[PDB]
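Asks: If you want the building blocks of each chain, they are given just below.
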Amino acid sequence: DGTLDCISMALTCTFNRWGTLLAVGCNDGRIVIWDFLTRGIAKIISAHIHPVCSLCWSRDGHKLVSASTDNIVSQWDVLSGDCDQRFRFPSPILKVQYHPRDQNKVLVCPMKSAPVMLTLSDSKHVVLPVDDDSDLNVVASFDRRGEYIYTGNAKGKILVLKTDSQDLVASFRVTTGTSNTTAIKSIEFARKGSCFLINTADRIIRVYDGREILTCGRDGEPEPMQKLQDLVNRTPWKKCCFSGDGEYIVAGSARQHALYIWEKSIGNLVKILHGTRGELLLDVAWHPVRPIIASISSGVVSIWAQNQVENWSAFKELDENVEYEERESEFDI
Amino acid sequence: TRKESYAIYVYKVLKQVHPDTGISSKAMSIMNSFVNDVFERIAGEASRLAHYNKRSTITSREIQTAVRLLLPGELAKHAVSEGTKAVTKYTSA
Amino acid sequence: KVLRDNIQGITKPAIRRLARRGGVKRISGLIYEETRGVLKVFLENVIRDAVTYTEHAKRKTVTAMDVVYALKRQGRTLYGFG
Amino acid sequence: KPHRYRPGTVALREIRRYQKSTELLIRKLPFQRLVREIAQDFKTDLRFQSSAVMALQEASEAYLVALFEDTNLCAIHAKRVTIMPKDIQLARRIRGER
DNA sequence: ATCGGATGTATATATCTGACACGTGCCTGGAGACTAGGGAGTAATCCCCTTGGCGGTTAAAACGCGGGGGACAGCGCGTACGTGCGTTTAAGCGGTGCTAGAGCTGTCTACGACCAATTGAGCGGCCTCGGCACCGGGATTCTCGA
DNA sequence: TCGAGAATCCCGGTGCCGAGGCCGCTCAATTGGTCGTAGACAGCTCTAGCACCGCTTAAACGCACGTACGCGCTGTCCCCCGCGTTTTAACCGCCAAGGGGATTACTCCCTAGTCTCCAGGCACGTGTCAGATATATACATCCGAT
Numbered sequence: 018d019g020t021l022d023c024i025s026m027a028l029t030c031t032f033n034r035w036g037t038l039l040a041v042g043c044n045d046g047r048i049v050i051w052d053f054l055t056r057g058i059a060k061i062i063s064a065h066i067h068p069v070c071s072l073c074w075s076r077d078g079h080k081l082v083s084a085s086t087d088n089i090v091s092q093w094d095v096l097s098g099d100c101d102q103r104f105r106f107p108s109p110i111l112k113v114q115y116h117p118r119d120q121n122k123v124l125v126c127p128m129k130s131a132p133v134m135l136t137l138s139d140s141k142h143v144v145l146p147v148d149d150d151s152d153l154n155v156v157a158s159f160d161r162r163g164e165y166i167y168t169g170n171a172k173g174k175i176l177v178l179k180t181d182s183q184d185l186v187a188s189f190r191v192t193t194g195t196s197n198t199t200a201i202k203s204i205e206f207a208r209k210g211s212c213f214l215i216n217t218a219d220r221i222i223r224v225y226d227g228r229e230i231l232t233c234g235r236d237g238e239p240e241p242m243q244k245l246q247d248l249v250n251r252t253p254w255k256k257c258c259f260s261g262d263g264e265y266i267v268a269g270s271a272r273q274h275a276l277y278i279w280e281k282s283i284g285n286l287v288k289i290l291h292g293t294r295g296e297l298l299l300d301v302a303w304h305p306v307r308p309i310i311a312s313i314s315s316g317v318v319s320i321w322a323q324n325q326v327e328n329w330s331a336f337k338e339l340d341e342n343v344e345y346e347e348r349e350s351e352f353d354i
Numbered sequence: 033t034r035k036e037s038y039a040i041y042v043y044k045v046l047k048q049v050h051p052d053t054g055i056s057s058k059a060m061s062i063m064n065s066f067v068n069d070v071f072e073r074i075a076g077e078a079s080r081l082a083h084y085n086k087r088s089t090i091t092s093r094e095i096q097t098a099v100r101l102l103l104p105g106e107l108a109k110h111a112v113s114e115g116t117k118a119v120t121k122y123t124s125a
Numbered sequence: 021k022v023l024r025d026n027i028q029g030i031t032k033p034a035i036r037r038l039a040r041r042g043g044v045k046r047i048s049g050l051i052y053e054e055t056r057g058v059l060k061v062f063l064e065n066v067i068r069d070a071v072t073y074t075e076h077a078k079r080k081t082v083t084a085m086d087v088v089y090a091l092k093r094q095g096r097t098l099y100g101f102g
Numbered sequence: 038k039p040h041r042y043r044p045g046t047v048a049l050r051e052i053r054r055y056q057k058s059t060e061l062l063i064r065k066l067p068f069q070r071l072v073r074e075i076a077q078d079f080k081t082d083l084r085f086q087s088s089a090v091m092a093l094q095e096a097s098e099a100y101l102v103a104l105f106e107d108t109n110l111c112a113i114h115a116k117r118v119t120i121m122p123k124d125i126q127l128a129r130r131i132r133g134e135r
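Protein chains in written order, with UniProt numbering: chain A, 18 to 331, 336 to 354; chain B, 33 to 125; chain C, 21 to 102; chain D, 38 to 135.
No wet-lab data here; the hints were simulated from the structure. This list has only true hints and no planted wrong ones.
List of simulated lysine-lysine pairs, BS3-like, C-alpha gap at most 27 Å:
id	chain 1	residue 1	chain 2	residue 2
1	D	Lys123	C	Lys32
2	C	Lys80	D	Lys80
3	A	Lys281	A	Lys172
4	D	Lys116	C	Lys32
5	C	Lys60	D	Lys65
6	B	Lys58	D	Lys57
7	C	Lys45	D	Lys116
8	A	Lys80	A	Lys141
9	C	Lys92	B	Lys35
Build the full structure now, drawing on both the sequences and the hints.
Replies: In structure tokens:
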């Protein structure tokens, strides 16, 4: 539905705060900041020699946190492209995430170690707690306002901490239905409201409302707002994301390189988008204020927009025949 | 709890027919359940026919008739003959 | 502990194993879930009737003799369980 | 060069060995979970005998292989070696299961 | 695809009736009242099976992957089967007549019912050990390309 | 079609626990009176069955014949079999808690059993209309020409 030839080795992308720019990582380890309106590249940053697998914009948009595969995280000013700060860790980093309401702070999910929240002003770090002490794979994310931290382990356990004190404000383990746990693949939140989603190893996305987890307390049984899956193919989900408003949810079937689109309230599947059967789906993102969806597959990015009835359909356009309502004086002088 | 069965008589009649053979306790339980099944079958049928005959006394004639109703052909014939011989033996003393 | 969707826990390899036991060579896909349904429907009765026994038994655990008397009442009696 | 037996042949031998074997062909735990799921529909938190559930699964599988058997037979009367859902449905129909 | 004609079928009518609704006198099962025992109900106790979880394995399930095999659609023909009309034939009405056998009553008697006294056949429980199940390995035979 | 290869059969050996044998330990089987009674049996009816026979006729058997479904064959598609790989969770073994199942001991509410009386039910008459039947009629529908 529209691709870009000007970028190669697309690996990970991230919309800015207003959905005007897109920073995509490349295998060479370069940042390609490409613009939507001019439909061209806005910037090229020599980030790492190692490909970049995690990228996040700052709220003001002037900072981008990038993670190399060399366990090298670095902050870059979008105007200049300089490495503002640079750090390295053990257990290679799985993800970075700016704090949405404090760009000085940034959480980092490493591979084998617990996620740690650092600051840029001071090169300090706060190691977030781990429930089972043996997960070795815990994804973590700020909420919409950056007030709480949601951490999900490979054993389905879900901890909600407060971002400042790291104190356990809520907890619950998700189930595979019967009695078993499932590897929490990812935690996503809505940029609007409080609904969030969890991708798990059961190939079943679970949509909740964080207020219900907060009122559920520690070690409770919160039910999901929704349960979403491909009941037909039972396909895993490499990457999923909400819509900009938060009423549409998309999942990327890397198994068959497709895109499933459900709703939030009803949860019925909006639609499906099919990509090149030969392409391996890698990354998925939604335009924050547009029905536009960016996909990264086999190093190539594709764009999926959604237009209205007009752009040619605007006499007064009607859809179905209209019986004329004759009047009393319809034949009168 | 004193539970009653027939596996001992199963082993007995087995040796009576096959002295050099063993059984799975599973199979013994199966056979005993089968014993119970045929017993309830014949008993119910006998009571029902006696009810048709308005009889409150279930005797060997009822037994034979109900077996004939239940067993087919030579099975029934041999069973009738055997029961007849046995009741004759018991009545002989 | 609320259970669900164990019906598909029945593997198609299991179904085809049972079919081969029944002496079947070629099978279509449309059968299995259909099969499953029947399976469900079938057991749909007995357990209920079984626990019905347990109903009158005034007990919390369910026993074999329940399904024994069910299959009996279902005219599909079985041996080897008392 | 790789060898592959002709179709059915392997399945034919599977049939032969399954008529040879007698044990169950269903994994225990999935069947048990299914049974308990069905149970909670009529009443929740009910316990069971392992003997009881073994009986359930055995009797089921027996009914199931009988259904597969006579549906195979019907498909013979359908002159096909592939099975069709309608065969099973109409078999139940003759089995008074409709 | 329609119309015309043939034919078969739903309708109103008339009356005939024989089932059938209705009422009787007479019978006995049902109600009413009273006594006993003891099955059933309750409770405290024990056990102990079950339901729950935890970790390691792999055989098994999931999934994919050709691809020959047959499901199926179509197509020719032909034999077997509806049909309408012949034919002849037992089927049914019905009414007769005899009684063999159901079907009823009245004995009287053997025959379990039942209880009591007695106990050894049988059953829960405890060794025990040997066909049997498993395994590994060698030899046999089916099968798919010549 | 004679080999290669593959799944299988069989053989010897290993180790095991169920099959079995025996042992305490009854309660349920036996024995023997004893009693009221189920029915065995005799002995009557009467009626329903059983057969007789005639009369009418709707029904059955066969014919001829169109014809059209059954059947047989061809080619296609697709699709399910077979094998390879990857993932997983059934299983299995062990542990543990308790919650229900089973047990026993009381306790007594209810039912069986008895006796009394009669009133609803039942056999038995009795008018009587729902509907069976027949007829002419009006409507529906097939089948063939157009």
